[PDB]
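Q: Chain by chain, the residues:
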Amino acid sequence: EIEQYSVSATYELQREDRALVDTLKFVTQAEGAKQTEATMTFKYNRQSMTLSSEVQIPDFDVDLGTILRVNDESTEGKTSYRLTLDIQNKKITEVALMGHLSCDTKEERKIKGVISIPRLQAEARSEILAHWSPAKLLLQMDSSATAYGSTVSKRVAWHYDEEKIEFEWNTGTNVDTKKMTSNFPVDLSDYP
Amino acid sequence: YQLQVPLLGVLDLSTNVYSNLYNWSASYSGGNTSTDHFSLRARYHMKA
Amino acid sequence: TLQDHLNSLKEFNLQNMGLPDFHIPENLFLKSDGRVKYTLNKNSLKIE
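Residue numbers (the entry's author numbering), protein chains in the order written: chain A, 1010 to 1201; chain B, 1346 to 1393; chain C, 1250 to 1297.
Just so you know, these hints were derived from the structure itself, not from any lab. Don't take every hint at face value.
Cut-off 25 Å, straight-line C-alpha distance, at most; resulting in silico cross-link-like pairs (DMTMM-like, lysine to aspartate or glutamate) [stated by the list, open to error]: (1) 1280/C with 1185/A; (2) 1187/A with 1270/C; (3) 1280/C with 1068/A.
Input sequences plus hints: build the corresponding full structure.
A: Below, the structure is given as structure tokens:
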């Protein structure tokens, strides 16, 4: 059923419409009626500066797919970017990471970090804004997260004015017993 | 000689803590109400 | 509710790990609300 075994590291410059992908494939397989293809492929989009890593081993149900997306929104008047990371077991994103950078060198400076986990109800939010102005700089802080019936919020705002100087800070960390109980399973499949 | 003295503004402070079975509030205000008219009213109030 | 838990325990046939009965308040809130504010208005006192 097999004529030979070959292990090969084949590089290929693949086309994605506009983009060109420096694709390197690492495959270990049997050759013949029986195929033992265990492939570890890794692809980079040099036109979208995006890296993708792929592995397939059906014997152990491995179809993992990892993508690191970097999208350039940067210009002379605005340094901006958008970062995306898809943690896909069986090509299903069970952990996702996103970032949005929009910094106007003139006044606006936006930073936003997001963490989301669908199956575990784990979400974290880290968002920052800094509106510059020669007269004054305005600061805003936003950091919050939610997981298993727990709410975490941190709100700190400061602002200067000639008439007055104003500062505040509110700390929020609340937990609901029933909501946490429902969110966190206190039951197991075979335990009953 | 003529000198210009910036006012001693009114200072406002309050920290209010809220926890199960115990809610606590603090509030004090300081600073001259009118620097050029010499009016002070600084007051506090601590409540548990 | 522990009485019902015991009744279930009579057959040694529970359904959950531990006792999901909660004595503590359903809502557990811990917060801090602090602020600093000061009126540094540009007005000034002129002195000789």
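Q: Among all the numbered hints in the text so far, which are the ones the structure does not match?
A: 3
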